[PDB]
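Engineer: Just need the whole structure built from these sequences, with the hints factored in.
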Amino acid sequence: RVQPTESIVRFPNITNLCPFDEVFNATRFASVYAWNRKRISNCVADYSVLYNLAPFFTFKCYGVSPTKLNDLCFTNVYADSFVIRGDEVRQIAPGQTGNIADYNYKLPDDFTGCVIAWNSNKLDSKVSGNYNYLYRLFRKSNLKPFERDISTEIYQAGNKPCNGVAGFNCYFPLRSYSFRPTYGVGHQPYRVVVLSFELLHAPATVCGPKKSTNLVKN
Amino acid sequence: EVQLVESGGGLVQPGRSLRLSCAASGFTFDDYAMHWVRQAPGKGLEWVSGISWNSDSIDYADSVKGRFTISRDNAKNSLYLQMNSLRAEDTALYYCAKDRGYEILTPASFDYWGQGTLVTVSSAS
Amino acid sequence: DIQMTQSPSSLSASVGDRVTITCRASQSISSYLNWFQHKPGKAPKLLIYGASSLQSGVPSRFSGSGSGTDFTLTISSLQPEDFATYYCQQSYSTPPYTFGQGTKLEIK
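Protein sequences appear in the order of chains C, I and H.
Using the deposited numbering, the first residue of the first sequence is number 319, and each one after it goes up by one.
Using the deposited numbering, the first residue of the second sequence is number 1, and each one after it goes up by one.
Using the deposited numbering, the first residue of the third sequence is number 1, and each one after it goes up by one.
Just to be clear, a hint being listed does not mean it is correct.
Capping the alpha-carbon separation at 25 Å, the derived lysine-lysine pairs in DSS-like fashion look like this [as the list claims (entries may be wrong)]: (1) C:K440 to H:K45; (2) I:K76 to I:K98; (3) H:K42 to I:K98; (4) H:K39 to I:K76.
Here are a few chain I residues that face chain H, going by a calculated C-beta distance under 7 Å [said to hold, decoys possible]: (5) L45; (6) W47; (7) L105; (8) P107; (9) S109.
I should point out that these hints are in silico values taken from the structure, not numbers from a laboratory.
Just so you know, even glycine gets a beta-carbon here, dropped at the ideal spot from N, CA and C.
Structural biologist: Take a look at the structure:
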């Protein structure tokens with residue numbers, strides 16, 4: 319056979335850095351049921367910023383090795399952020415059942431991307447009790463993957479309707495998390511950031527830090 | 001590197017009312033909490049009042065309940081502290097500290113500070 | 001109700017030494033304590049937020065430690081600008097943002 323002696327790589331000409339900071343360094347995250355979404359395009363993305371931080375504890379990725387992020391190039395990257403309880407983080411997984419998975423935020427079975435969760439007791443805990451966060455409790459059925467359900471209709475699931483007034487046999491579907499620093503780790507609020515990679519053959523926009531070289535012909 | 005300038009300090013008679021203002025320019029102001037903290041002439045720092053990112057949650061120190069009012073105006077990126085019903089032991093130094101989070105009573109503490117403005121409560125020239 | 005007391009009031013050292021200061025809590029505060037550096041010539045600033053987390057922009061020489069009831073700040077270099085007064089604060093219990101007594105640090 320003939321072994322090569324040369325090796326080349328060509329990447330897009332863009333060099334500007336895009337704001338991963340405004341997703342992670344945001345002062346306050348939106349409610350889990352109405353989870354915020356930020357899209358990222360046309361930049362070079364460095365993942366060494368996220369990886370080397372100690373508090374970013376729960377960093378487990380589906381379909382992509384976390385170490386290989388530094389060189390892969392993606393068409394587009396989505397960022398979703400919200401606030402959930404300590405024991406509720408394990409419920410963020412494709413094909414797994416659970417309250418937020420059922421009614422708040424579900425990952426599709428064919429999901430690709432990484433999920434990041436870290437402790438947030440130093441911002442989302444009030445001694446009297448925080449109620450700025452809401453989570454949906456009642457819904458007729460499971461929510462579709464990557465869907466945001468902000469419906470505020472008063473739930474009736476029984477044989478006698480109330481016709482939309484919270485009298486007998488009707489509850490408001492949205493319940494507020496009661497975060498307090500005294501509670502244990504199992505209920506201690508956490509901040510979660512979910513990255514979805516649209517890995518495809520289309521002309522990509524977001525790439526990892528890499529250096530191009532001369533294009534060898536023959 | 002943020003700038004927190006404070007004014008309104010001076011000397012007033014007991015029972016009289018004066019005003020404090022603190023202007024913030026080195027950081028985004030509409031989503032940060034703020035606190036007013038007191039430095040005694042010969043004792044340590046003592047917390048006085050606080051305000052959330054929006055004027056929704058308000059807390060006062062125990063020693064000054066029902067005497068001081070803290071106001072915040074996002075349009076001019078400044079907060080005001082109205083001083084009412086003063087006594088002879090509020091002659092300390094008052095600092096304008098900035099909280100890290102957005103609530104009022106959180107594990108987050110005072111992140112950046114500013115120069116204090118002296119106040120004295122007595123009868124003099 | 002919480003109480004914080006500092007064993008040292010005035011500490012003596014030199015330019016090239018190291019000294020330690022402890023802050024005790026009357027009741028457990030779940031490691032939510034902060035150390036504030038207070039020069040007498042200018043506005044005080046924070047050094048250590050949380051139990052042992054260093055706030056960005058201050059020299060790495062300062063390092064917080066301790067969790068629960070007893071907390072400690074340590075300094076190893078003592079550059080000649082470290083003459084100041086240090087305070088410990090708790091932010092967990094219902095008496096909000098109570099402070100500890102001063103800790104005068106002097107260089108011999």
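Engineer: Going through the earlier hints one by one, which of them does the structure break, listed in rising order?
Structural biologist: 4
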